[PDB]
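Q: Got chain W sorted already, so can you dock chains H, V, X and Q onto it with the hints?
Chain by chain, the residues run as shown.
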Amino acid sequence: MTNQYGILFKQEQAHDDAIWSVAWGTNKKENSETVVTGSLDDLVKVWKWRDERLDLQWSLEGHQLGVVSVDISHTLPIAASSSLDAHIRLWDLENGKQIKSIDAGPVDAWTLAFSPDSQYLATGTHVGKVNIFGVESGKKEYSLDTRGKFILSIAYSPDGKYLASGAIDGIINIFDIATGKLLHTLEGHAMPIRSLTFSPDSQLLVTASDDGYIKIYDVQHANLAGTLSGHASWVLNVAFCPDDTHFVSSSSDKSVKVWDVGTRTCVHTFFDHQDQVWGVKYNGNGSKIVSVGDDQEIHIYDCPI
Amino acid sequence: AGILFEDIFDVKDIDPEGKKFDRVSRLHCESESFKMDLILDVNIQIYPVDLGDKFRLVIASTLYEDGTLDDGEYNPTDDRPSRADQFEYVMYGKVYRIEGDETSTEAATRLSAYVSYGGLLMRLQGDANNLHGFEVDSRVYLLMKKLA
Amino acid sequence: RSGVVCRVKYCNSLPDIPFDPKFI
Amino acid sequence: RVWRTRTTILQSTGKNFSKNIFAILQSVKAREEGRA
Amino acid sequence: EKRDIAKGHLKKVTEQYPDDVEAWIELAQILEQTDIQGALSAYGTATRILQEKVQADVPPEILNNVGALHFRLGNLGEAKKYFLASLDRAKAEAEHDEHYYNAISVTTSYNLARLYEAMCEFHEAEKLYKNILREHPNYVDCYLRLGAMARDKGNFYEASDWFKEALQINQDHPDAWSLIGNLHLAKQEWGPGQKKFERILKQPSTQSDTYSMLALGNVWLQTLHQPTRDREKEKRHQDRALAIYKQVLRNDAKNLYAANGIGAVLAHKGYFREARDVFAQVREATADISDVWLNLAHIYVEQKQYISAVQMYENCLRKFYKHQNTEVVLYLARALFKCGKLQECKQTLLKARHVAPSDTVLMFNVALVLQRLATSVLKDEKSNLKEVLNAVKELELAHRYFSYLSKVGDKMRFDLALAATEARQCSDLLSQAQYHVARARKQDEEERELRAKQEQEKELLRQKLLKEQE
Numbered sequence: 001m002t003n004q005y006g007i008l009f010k011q012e013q014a015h016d017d018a019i020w021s022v023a024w025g026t027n028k029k030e031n032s033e034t035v036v037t038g039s040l041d042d043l044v045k046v047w048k049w050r051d052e053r054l055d056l057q058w059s060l061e062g063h064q065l066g067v068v069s070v071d072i073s074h075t076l077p078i079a080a081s082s083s084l085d086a087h088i089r090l091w092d093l094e095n096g097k098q099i100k101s102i103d104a105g106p107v108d109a110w111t112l113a114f115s116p117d118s119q120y121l122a123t124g125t126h127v128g129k130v131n132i133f134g135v136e137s138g139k140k141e142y143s144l145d146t147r148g149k150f151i152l153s154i155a156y157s158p159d160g161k162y163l164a165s166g167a168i169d170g171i172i173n174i175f176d177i178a179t180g181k182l183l184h185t186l187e188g189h190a191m192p193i194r195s196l197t198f199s200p201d202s203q204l205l206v207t208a209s210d211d212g213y214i215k216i217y218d219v220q221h222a223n224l225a226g227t228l229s230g231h232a233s234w235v236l237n238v239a240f241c242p243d244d245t246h247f248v249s250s251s252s253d254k255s256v257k258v259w260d261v262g263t264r265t266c267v268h269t270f271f272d273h274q275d276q277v278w279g280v281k282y283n284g285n286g287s288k289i290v291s292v293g294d295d296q297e298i299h300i301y302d303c304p305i
Numbered sequence: 002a003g004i005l006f007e008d009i010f011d012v013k014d015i016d017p018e019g020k021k022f023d024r025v026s027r028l029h030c031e032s033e034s035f036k037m038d039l040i041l042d043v044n045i046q047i048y049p050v051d052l053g054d055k056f057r058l059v060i061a062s063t064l065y066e067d068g069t070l071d072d073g074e075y076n077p078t079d080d081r082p083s084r085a086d087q088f089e090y091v092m093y094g095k096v097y098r099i100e101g102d103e104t105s106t107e108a109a110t111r112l113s114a115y116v117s118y119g120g121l122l123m124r125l126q127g128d129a130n131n132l133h134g135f136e137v138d139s140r141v142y143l144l145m146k147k148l149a
Numbered sequence: 026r027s028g029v030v031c032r033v034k035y036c037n038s039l040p041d042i043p044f045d046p047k048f049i
Numbered sequence: 229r230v231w232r233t234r235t236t237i238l239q240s241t242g243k244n245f246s247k248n249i250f251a252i253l254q255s256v257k258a259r260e261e262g263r264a
Numbered sequence: 392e393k394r395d396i397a398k399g400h401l402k403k404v405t406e407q408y409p410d411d412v413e414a415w416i417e418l419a420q421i422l423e424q425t426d427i428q429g430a431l432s433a434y435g436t437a438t439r440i441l442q443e444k445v446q447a448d449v450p451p452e453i454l455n456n457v458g459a460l461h462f463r464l465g466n467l468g469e470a471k472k473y474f475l476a477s478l479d480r481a482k483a484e485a486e487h488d489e490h491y492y493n494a495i496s497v498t499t500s501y502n503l504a505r506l507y508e509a510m511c512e513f514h515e516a517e518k519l520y521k522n523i524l525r526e527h528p529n530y531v532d533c534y535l536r537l538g539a540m541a542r543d544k545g546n547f548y549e550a551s552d553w554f555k556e557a558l559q560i561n562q563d564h565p566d567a568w569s570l571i572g573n574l575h576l577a578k579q580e581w582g583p584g585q586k587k588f589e590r591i592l593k594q595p596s597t598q599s600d601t602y603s604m605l606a607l608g609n610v611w612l613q614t615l616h617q618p619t620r621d622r623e624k625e626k627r628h629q630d631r632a633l634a635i636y637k638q639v640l641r642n643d644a645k646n647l648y649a650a651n652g653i654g655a656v657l658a659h660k661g662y663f664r665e666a667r668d669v670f671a672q673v674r675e676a677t678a679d680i681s682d683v684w685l686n687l688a689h690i691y692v693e694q695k696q697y698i699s700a701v702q703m704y705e706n707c708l709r710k711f712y713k714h715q716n717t718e719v720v721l722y723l724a725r726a727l728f729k730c731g732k733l734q735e736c737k738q739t740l741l742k743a744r745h746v747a748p749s750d751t752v753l754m755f756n757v758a759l760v761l762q763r764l765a766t767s768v769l770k771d772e773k774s775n776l777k778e779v780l781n782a783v784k785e786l787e788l789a790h791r792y793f794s795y796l797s798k799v800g801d802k803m804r805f806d807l808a809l810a811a812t813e814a815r816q817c818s819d820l821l822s823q824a825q826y827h828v829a830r831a832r833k834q835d836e837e838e839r840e841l842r843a844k845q846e847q848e849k850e851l852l853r854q855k856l857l858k859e860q861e
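Residue numbers (the entry's author numbering), protein chains in the order written: chain W, 1 to 305; chain H, 2 to 149; chain V, 26 to 49; chain X, 229 to 264; chain Q, 392 to 861.
So here's chain W without its partners, still in its complex pose:
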């Protein structure tokens, strides 16, 4: 059964307004793949991927302004979301109830990240510090200062050593989680970095910026492993494959590009979307890709393994 890249499902009018984030999580006990999407229409929606179909499970409300980020836990059945009003909410995906809320003021809590143990939420802030909130505590345990401008994206390394941040000026900052010290401050790009990610082995750091370029870094030495181009507009999201030899990115040019880190060449491009593709993610085993954008559509793409 030869396997090729190709769309498999397409949910139209998934949200009333633009979909600004997505997240894919796999739960062993339930053995059901879950997708969490946040949109500018102030709604979180929980769908279940079963029988090659998407079926809505929960539709959670509460966010005041647009939902900027939605994340899931790797082990727990928890999810988190943040709105444009800096409010953070935790949702129990088993029952679709709000576990707790964190009012991060008017400025803090831009974008969310789950720690590898799912015991913390890392979020960039307007001032230039990455605040950390206890998932169980619900309070700002501490913060790591960058002395930089707005932090647009946040990432957690799968091994938990470092958390990366990308600023509005293109500067990247890697912090050691154990000691909370700014390991590296890299020039990066000259345009805002809206999305950076780590490799499954925590060896590579892939960052995306408005200049249309995707930069690869070796976190061990923080050296520039390569630069990728091919997007005709802003790159809005990146996400690494589980197989660790591929990753996927999305852009304002309405396309989703899958790149090979080895050959450093885009191996596929999807043009299905009709507007800015704001989110792209891989499934647990790397055989599916979910993408969401301003056209209020959810697209699932098959992938060879």
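Quick caveat, the hints were computed from the structure, so don't treat them as lab data. No false leads were mixed into what you were given.
From chain W, some residues computed to sit far from chain Q (all C-beta separations above 12 Å):
1. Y5
2. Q11
3. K29
4. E30
5. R50
6. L56
7. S59
8. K140
9. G160
10. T179
11. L204
12. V258
13. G286
Taking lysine-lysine and the DSSO-like style, the derived pairs with C-alpha atoms no more than 30 Å apart in a straight line are:
14. Q:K593 x Q:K637
15. H:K146 x X:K247
16. X:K243 x H:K13
17. H:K55 x Q:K695
18. Q:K660 x Q:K624
19. W:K254 x Q:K710
20. W:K149 x Q:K798
21. X:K243 x Q:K398
22. V:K34 x Q:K637
23. H:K55 x Q:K398
24. V:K34 x Q:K624
25. V:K47 x Q:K403
26. Q:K393 x X:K247
27. V:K47 x Q:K402
28. H:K147 x X:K247
29. Q:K637 x H:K147
Every residue gets a Cβ at the ideal spot worked out from N, C-alpha and C, and that includes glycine.
A: Okay, now just chains H, V, X and Q, sitting in the frame of chain W:
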């Protein structure tokens, strides 16, 4: 002013289903500023039109810039300033139908206005907000000018 | 005397220098 | 041999507005001078 | 004028003679100027005769020119194939004449690098440009393309270095001087850009340069964007800009940008009807100047033509920008606010904030729209409890934003005193919100009072049914 609608159109097809009349041809046009769709019968013997032509189209309820209304009778000896002076092809007609995509609960988002210029038919179709001056049984003028 | 804060600018921005492929 | 240059990129294909624009400017100037 | 007669003669010759490769090529070389499709058709016909009767491979020059025409059209794939074929052909037949074919390959190589730039293969384009520059250090265009790519990356020092390197080879290069001046003006360094463009006008060959004069007049145009108390200084700048535009219009009567500059100055002078006339004329001439669309939309707003303004802004945004330009988005939000569609205005301002969350003006505008929406809902006495509670939550958000902005804000764009007064108004609205929420709750208990009566009547209907049943 008395202007109901105005835009620039590109002729995209002429008599797609073949020529039905010797002196009249049906234009299929699209506008760019407002993305309006147009079907228009034109006397091509006196006003020839070719594929890819561009024209400025105005639908007006009056020809007088002072907004005064008309009796609907031929008044050839009137020499007040007239919008027709700025245009090459001018027709006088009546709105005979307005269709929309409204439901039993929702107002229309897309309207189609149909006009008959003594039997030369026009259909202007697009977003309902562009077509809010059109009322069934009202008389309108069509003003056209090729531009190079 | 309250309204959306937006200063309207009438801009005349020239195009970038053309660099079309050359004909031989 | 290249056809598009920094001088022809600012030009319309054929349409000329010199007469109309200068007539409009004359009216504006005339109205400005009339008022005092 | 003679090119059309040459076209006619060559067209006449081609019709009389179906097989004349030289006539087809000669016709194509003049169709290129204005008829890309006609030139492509002529070159294709010439290629057909070369393969059929002559039975020879196409010359590299024809393949390069066909590829360049495709590039102009937009068929990047066909252009890549033809550019690669032209390079291959020039290499293949280089032994016959190495000197000529080396130069042909140099031009074809630059074309392919420009194409890679078009296909967003900037690494291959940069490598090819550097390869050309390594062997032909006098190719100025390669230096300028590297500088343009660096500028596109956002590295303006690297762009200036490449631009200075181009000027090194050719001391008087109008394109290199324009690129450096554009770099300086884009950084709002008015003096450096002004000097670089005045330098061009100082040269004898470019004594009256339309591009340079338009840039020099645009420098004075940009001074009107920022409001200034000094009326005399603003009026003199308006006059200076208008004089430069008028001179450019005298020298060139087909200059779209001189006409657009006159309209912009007129609009800044308050003559919106005349500026509309100029813009409509320019708009008839072309639709590919985004500033014309935006200027027309601004005039629509000033004329209270909000339907046209919103569509023009949305259509301009969709056509001319792949990404989101927050300035046009703010313009669209202001147009919707004037029209009174506050929900759409709020959504547009939120879309702006999504991309520019550090913009303090966007935060202030979002707060203002939230306060207005909440006040409209609160004033409405037919609102249910859910809407009133949402309005209360939205009033709190607006009050927090106004207070925060008052504490810290961008004083150059909006005054914080106005923000403080807005914050006080939000606080007062919240104080009255208690009575409003009490009012809503009493309303919705009356809602359930009627519902019971509805059920009561239906039970009586059932009672008759039992009477029917018995």
